[PDB]
Amino acid sequence: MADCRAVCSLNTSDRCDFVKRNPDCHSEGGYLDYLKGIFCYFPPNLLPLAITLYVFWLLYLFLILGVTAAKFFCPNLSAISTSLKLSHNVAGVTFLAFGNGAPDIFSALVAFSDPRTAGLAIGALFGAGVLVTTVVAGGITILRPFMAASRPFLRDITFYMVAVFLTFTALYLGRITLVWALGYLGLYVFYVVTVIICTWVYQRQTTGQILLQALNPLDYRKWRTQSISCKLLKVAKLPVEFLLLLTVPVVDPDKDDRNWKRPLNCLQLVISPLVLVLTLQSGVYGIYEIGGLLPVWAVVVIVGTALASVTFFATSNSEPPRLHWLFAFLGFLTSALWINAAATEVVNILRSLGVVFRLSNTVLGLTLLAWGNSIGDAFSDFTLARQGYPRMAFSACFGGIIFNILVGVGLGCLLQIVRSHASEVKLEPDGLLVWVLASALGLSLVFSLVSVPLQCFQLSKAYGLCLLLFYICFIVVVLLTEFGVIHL
Amino acid sequence: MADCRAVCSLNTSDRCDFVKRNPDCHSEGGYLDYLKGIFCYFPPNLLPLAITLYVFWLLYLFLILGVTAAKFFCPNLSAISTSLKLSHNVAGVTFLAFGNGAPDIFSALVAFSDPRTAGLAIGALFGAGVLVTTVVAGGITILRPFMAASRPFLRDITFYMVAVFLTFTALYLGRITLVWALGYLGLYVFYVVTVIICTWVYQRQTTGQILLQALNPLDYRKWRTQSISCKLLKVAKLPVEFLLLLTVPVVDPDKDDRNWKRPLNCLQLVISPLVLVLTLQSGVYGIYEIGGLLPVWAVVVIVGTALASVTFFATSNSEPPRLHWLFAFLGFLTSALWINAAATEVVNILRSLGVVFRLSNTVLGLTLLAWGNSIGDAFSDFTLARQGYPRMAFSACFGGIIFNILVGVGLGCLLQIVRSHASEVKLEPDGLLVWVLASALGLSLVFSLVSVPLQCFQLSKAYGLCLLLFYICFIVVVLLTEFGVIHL
Amino acid sequence: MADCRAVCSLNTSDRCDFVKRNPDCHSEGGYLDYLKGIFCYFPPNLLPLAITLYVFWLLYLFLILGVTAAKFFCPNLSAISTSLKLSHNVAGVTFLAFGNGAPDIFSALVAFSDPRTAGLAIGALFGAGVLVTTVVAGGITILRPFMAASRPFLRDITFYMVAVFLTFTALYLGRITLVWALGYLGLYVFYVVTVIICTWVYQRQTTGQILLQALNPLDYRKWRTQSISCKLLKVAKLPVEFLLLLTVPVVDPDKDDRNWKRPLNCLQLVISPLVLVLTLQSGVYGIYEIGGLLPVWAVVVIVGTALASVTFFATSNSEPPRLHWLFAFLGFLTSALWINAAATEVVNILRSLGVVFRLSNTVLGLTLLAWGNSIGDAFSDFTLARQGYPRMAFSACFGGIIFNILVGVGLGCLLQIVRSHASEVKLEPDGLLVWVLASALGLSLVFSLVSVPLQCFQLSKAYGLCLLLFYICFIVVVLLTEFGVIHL
Ligand SMILES: [Ca+2]
Ligand SMILES: [Ca+2]
Ligand SMILES: [Ca+2]
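Going down the list, the sequences are from chains A, B and C.
Numbered by the authors' numbering, the letters in the first sequence go through residues 50 to 254, 300 to 582 in order.
Numbered by the authors' numbering, the letters in the second sequence go through residues 50 to 254, 300 to 582 in order.
Numbered by the authors' numbering, the letters in the third sequence go through residues 50 to 254, 300 to 582 in order.
Treat the hints as calculated values from the structure; they're not laboratory data.
For every residue, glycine included, the Cβ atom is placed at its ideal position computed from N, Cα and C.
There may be inaccurate statements among the hints.
[Unchecked claim] Facing chain A, from chain C, some residues (calculated, C-beta under 8 Å):
1) 188
2) 191
3) 192
4) 555
5) 559
6) 560
7) 562
8) 563
9) 566
10) 567
11) 570
12) 579
Model the full structure from these sequences, guided by the hints.
This is the structure:
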C-alpha cells in the first residue's frame, strides 16, 4: 500500500490506475476529486493549464467564503444577539472579528478532522497571524496615520502573546488533549469578559414584484456610478450572491420591516432545509432512507411545502409574523453550512497540490490558505481605514487574530476528540519550517511591542513600511527553508 | 600563465616582464595601464607613492564626473525635454535610458561573446538591476520627496516584471535560441511604441572677445569674495571646466539669449564629432581609412569644417539660428561619453589596486561590475533629483533598466548566434548565486509594487530608507552564499 | 580530569562530587560559587527555579552597576578634574561617556584576566557596540527628531570605524601584544585631544540629625509626587543607595557646602579603607597576618580610627577642612572597587550558565552582558533626549563606544600582560559566530554612514525604525548561527 505521493514516480499510463487503487489518495468529504481530474481527465502534456485552472477555482472559492461570511452570516448573528439587548461599541469591536474569522475557523475545523491534513491548520493559523500583523496592520497606518489607544493596545498585545506561547508549547509537546482545548475556549471567554469589564470601567471613569426585488443583487443606479474595476468585481460576484439570496434568509434588526420579504421567506422555508440536508456531511445523511422506501429529502420537501403554505396564507405582506426572529436561526444554520462546504473544497485542493508537487502542509498552509483567509481582512480593514476609522481597523487587526487562534485550535481539536473518541490530537511538527513560522510570529510581536510605545502611540507611514519589509524578509527565509538551502 | 595576484610574489627583477607578457593582467577598458605604471615606471621602493598618486587621481576622476553631470549633462537633458515637450516619464524612459545604459549594453555584448562567460553576463544585468531599483531609487526619494504619476509607474513596473520573469525562464531552460532573441528585441520595440502612443493619447485628451569670454571658467566677481577652501576647489576645477566648455555645447532655455555663442558653437560643430570618433572604441574607427586614400578622421574633419562654415556665415551673433535646440542633442551625446570615459578609469584603478592587495575574483566579478556600470546612473539621477526633476530620475530607475535587460540579452545572444553559426546560446548557471540575484530582483520589484500605490504615489524618505536596508540585507545573503555558509 | 562542561553527562547522583573535585569548575575570584549552588545546595528537580533566581540576581547586579557608576563614580571624577578647571562642553562630551562606559570597562578587565572567559569580553564589547548603535541611537530619533551636527558626526564615525577595523584585524591575527594595547590607549588619547582642539578652533572661528539626614536615600516629597513605577524602582534601589552612602564619600564642587557632612565623612575615614582591604583581590590581602600577630584589616582599622578621631576633633561643622578635595580621591577609589566587585559576580554567573547549557562565550557575551551593560546607556540617553537635548544624547551614543572599545581592549589586555608576565593575550576563536558579530557591526556603521548625510543630517522617526528592524534581523541571524542551522 504505497504512499500515494509516489504517483509521479510512475509511468504516465499507470497514473490513473494508481489513483483509483490507493485509498490514501481518496478524501473523506467534498464533491469533486482533483487528483483524478489532474491525472485522468487532462492529458499529461496539459498539466500546467489544469493547475492554472485549479488556482483560479481556488481563488473563486475564497470570494464565496468572503461574501457568505460578511453579508449573510454576521448579519444573522447580530440579529440573534440583539434580540437579547446587547450593547453597541463592543458590537463593532468584536463582530468585525467574528466576520473576519469565520473562514479561518471553518478551515481549521475541516483540516483538523483528518491526520493527513492537520499540519495545514497550524500553518494556516500562524501564517495568517503573521500576515495580518504585518501587511494588514502596517497597511492601515500607511493609508491614514492615527493615534492608537494605549490601554486596549497593551491588553490585546499581552493576550495574544500568551496565546502564541501556549500554542508554541503545545507544539513542543506534540499533542493537544481535551483539557488543553477546553482551556483555549475558556481563555477566549475570559478575554471577551475582560474587554466588557474594562470598557465599563473606562466609561464610568404584487407579490411577484417583491420576489423579483428580493432576488435582484444589482442596484443599477449605484452600478453606473462605480469604476470599471468595481463593475468587473460586481459581475464576478453576481452568481454567488444570487444563490445566497435564494437560499439564506436574512434578518436585519436595523431596517424597519426587518427584511420581511414574505414570499421569498415562505419559499425559503422549503429551499433552506434542502440545501442544509444536501450540504451536511457532503450529503451522506441525505440519501439515508427510512425503511428503504423514501429518502430523507422527500420527507423534508413534504414538510417544507406544508409549513410554507401554512405560513404563506397566514401572514400579511406589510406585517412580519410574531415568530419572525426564528428565521435568523435558520439563516445562521444554512449560511454556516455553505461556509463549511466551501472550506472543504479549499482543503481538498491544497492536499492535491501537496501530492503532485511533494510540498509540505506547512508551506501550503502559510502561503495559500493564509492569503486566502486574509483577503477578507484586507477588504474590510482597508475600507474601514479609508473611511476615517483607522483606530477600529487597527483594533480588529489585533483582536481578531486572538479569536482565530484560540477558537480555531480549541474548537477544531475538541470536535476531533469528540468524533474520533480518541484522547488527543497529534501535532507532528512538519520538519524545520514550523519553528521558523513560530519565531517569525514572536519577532513581529516583539517589534510592535517595542515600536508602538516608543512613538508614543502615534502611528504613521514609517512603521507600516518597516512591517512590509519584515514580511518580505520572512518570505525569504520561508523560501530558503523549503528549498533545503538552510538545513541542519 | 599564472594568476595576476602572484605578481606580488615574483622577484622584483622581472615583475614588469610578467605584467607585460601575461595577457590576463593588462586591462582592456581605458587609456592607461595602471599595473604597468606601478610595476615598470616606478621603482620597487616608491610603491606607496604610486598608491597615493592613484588615490588622488581617483578623487579627481570623481570631481570630473560630478562637474560633468551637474553642468553639462542634466542641462542638456532638460533642454531636450523642454523643446520636444516631453513629459518627465517619457524623457526619463527614452533619452536618459540610453545614456545611462550604454555601458551595460556593451559589457553584455562582450561577455556573451565567450562561450564560457554567458551565464556570468546574466549576473551583471540582474545585479545592476537590483542596485538601481533599491539604492538609486531610494536615494532619489530621500533627497527630494515628490509625487509619482500612477499610470506610467504601473505600466513600467509591469513591463519590467514581465522581462525579468522571461529571463528567469530562459535561465531555467538553460538556453537562448534565435527566436528568443528576436522576441526580446520585439518586446522592447513594442514597449517603446506603447510609451509613445499612450503619451500622444494623453496629450490629445568683434567675435574674438566672445570666444575668450565663452571659454573662460573663472568669474572674478565671485572669485574675490570667496574663502580659501572654495578658491582652491575652483582652481582644482578649472582645467576640466575649460576642456568641457571647449568640447560640449550647452543649450539653455531659461536664458533669453538661449546660451548661444556663435563662434564657439560653430567650432564645436567640428570639435564634438571628432571626440565622439576618437573615444568610441578609443578611436578604432578614427584610425581606419576609407578607400585607402582619405582616413575617417579626415572625413569627419572635412564635413564638420564645411558645416561649421555654413553655420558661421548663415547666422548673426545676437540671434540663434532656427535649429538651435539640436545642439542640445550634440551636447547630450558628447557629455555622456565624458561620463562613460571617466567611469571606466575609476574601475580600471580599483581593479589595479585589487591585484596589489591580493583580492581574488570571488566578489570582484558580479558586484564590482554592477557598481562600475551604475556609477553614471548614480551621478546623473542624484544630480537630476537635486535640481528639481525627481520624476524624470525615478522614471529612469524603472524604465531604463528595461532597456538594459532586453537589449543586452537579445542583441548579445543574436550577435553570438550570427557569428558562431550555431543555433543556440548555452546558459550555464554556476552554483547558487545566480538564483539569489534573480530572487532579489523579483522581491524588490514586489516591494515597490505593493508600497508605491499604498502610499497613494506620494514618495518620501521612509520608503527610501527601507530600500537601503533592503540592499544591506541583500549583501548579507550574498556574502553568506560566497563563503559557503549557505549551501545545499 | 575532564572539562567542567561534562558535568551534565554524569549521573545525577555524582554531579555534586564532580564539581567539588574538578579544578576547572573553580573561579579565581568572587565570593559565591554558583555551580556548587546549582548542583550541591539544591534539589535536581528544582533546577529551573535556581536559574530563574540566578537571572534575577544577575539583573539586580546590573542595577548596582548603574547606580554606583552614575551617582558616585562620575561625581568624584568631576570633583577631581575640577582642580584643573575644565569647562562644561568637555563635560557633556566625555564625562557622560565615562559614566556610561564604566561597567563595560570593568567587565572587559575581569573577563580578559582568565583564558576561560576571555571570549565574553570580545562578544560583549562588539555586541554592545551593535546594540547602542541601533536600538539606543535609533530610539533617540523616534522620541525627538533633531538635526545632527555634521563635523562631529563625521569625526566620530571615522574614529569608530578605524577602531573596529583594528580589532577585526587583531582578531584575525589571533592575539593582542603589548605594543598593540599601547597603540589602542594612545589612539584614545589622540581622539580626545582632537575633540578638545576641534571644539577650541570652532569656538574661535546638629550632628546626629545630619548623620541621619546624610544617610537618607529618600526625598519623601518627591516620593509622594512620583507615579507607581518610579516608586517601585526607588524601593528596589533603596538598599544599594543606603550602602553606597554609608561607604563612598562624595565631593561636589557645585554645591556651596561642598558635600562636607562632617561626621559622616569622618566616619568614612574608617569605613572606606576597610571596604578597600576587603574587596581588593576579593579579600586575599586582608587576612595576610603581619609578623604572625596582626592581620591587615586590624592595623587598617586601628590607623583609620586614629585618623578619624583626630579629624573629627580637629574640624568644624559648617566649614570643610583645607584638604577636603582629598576625600574625592578616596571616594573615587572605593567606588571603583564596588563596580569591580559587582562586575566579577556577573562574569562568574555567566561562566556558570555556559557550563550548564553548553553555550558559547560569544553568545552569552553579546546578549546578556551587552544588554546589562547598555541599560545605563538607555536610561541616560533616553532621559536626556526627552528633556530636549537629543544632540548631546546622539553624540554620547557614538563617542562612548569609542572609549568603550579602545580603553576596554587596551587596558584589559595590558593588565593581563603585566600580571601574567606573558608577551601577549590569545584570542581563541569561538567558531563562526564571532565573524557574524563583526560583520553586523561593520554593516550597521555603513548604514548610518550612508543614511545620515543623505538626509542632510535631519534625523527623524523613519531612520530609527529602520535601525530597530536591523537589530531584529541581526538577532535572527545570531540565533540561526547558534543552533547550527547555518554552518559550513
Ligand atoms: Ca480572515
Ligand atoms: Ca548604467
Ligand atoms: Ca554602558
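query: Hint numbers the structure violates, sorted upward?
result: Violated: none.
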